[PDB]
Amino acid sequence: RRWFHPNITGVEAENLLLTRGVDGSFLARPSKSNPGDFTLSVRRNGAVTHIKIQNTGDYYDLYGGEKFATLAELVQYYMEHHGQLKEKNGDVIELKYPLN
Amino acid sequence: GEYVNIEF
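So the sequences go chain by chain: A and B.
All the letters of the first sequence, read from the start, carry residue numbers 4 to 103 under full-length UniProt numbering.
All the letters of the second sequence, read from the start, carry residue numbers 889 to 896 under full-length UniProt numbering.
Any given hint could turn out to be false.
What the hints assert, rightly or not - Below are the SDA-like pairs computed for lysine to any residue, each with C-alpha atoms no more than 25 Å apart in a straight line:
hint	chain 1	residue 1	chain 2	residue 2
1	A	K70	A	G93
2	A	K70	A	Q57
3	A	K99	A	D64
4	A	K70	A	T59
5	A	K70	B	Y891
6	A	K35	B	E895
7	A	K55	B	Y891
8	A	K70	B	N893
9	A	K35	B	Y891
Said to hold, decoys possible - With beta-carbon atoms standing in for the labels, derived distance ranges:
hint	chain 1	residue 1	chain 2	residue 2	range
10	B	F896	A	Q79	13 to 23 Å
11	B	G889	A	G27	30 to 40 Å
12	B	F896	A	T22	27 to 37 Å
13	A	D40	B	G889	11 to 21 Å
14	B	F896	A	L74	12 to 22 Å
15	B	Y891	A	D26	14 to 24 Å
16	A	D61	B	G889	29 to 39 Å
17	B	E895	A	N10	29 to 39 Å
18	A	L74	B	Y891	25 to 35 Å
19	B	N893	A	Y80	16 to 26 Å
20	B	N893	A	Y62	26 to 36 Å
Hint data in this document are derived by calculation from the structure and do not stem from the laboratory.
By construction, the Cβ of each residue, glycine as well, lies at the ideal position given by its N, Cα and C atoms.
Given these sequences and hints, build the entire structure.
Set out below in structure tokens:
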């Protein structure tokens with residue numbers, strides 16, 4: 004859906020989730036580290052957090068987790084199924100409000 | 889700016 008940004012760098016995902024976002028705002032963008040992959044950037048609790056999405060050819064996951072056929076149902080599944088994302092012994096991550 | 893890794 005429109006939560007997808009193909010044009011944007013890691014820095015612009017920071018500048019948009021900070022100025023225009025609220026906690027729970029997220030977006031998917033191309034990865035600067037891994038080309039042809041995507042990272043989610045989530046504004047959680049004051050700051051921006053990036054999560055690498057893994058695309059293996061055969062599926063999309065978040066480097067572990069349930070496997071999905073397309074990017075779009077991955078975000079759908081995590082927007083709908085609250086609570087499955089815990090940062091390593093940190094807080095939960097909520098993918099709440101699609102950004103722009 | 890943290891690249892977080894999730895624990896499932």
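For this session: Output the numbers, in ascending order, of every earlier hint that fails for this structure.
Result: 11, 18, 20
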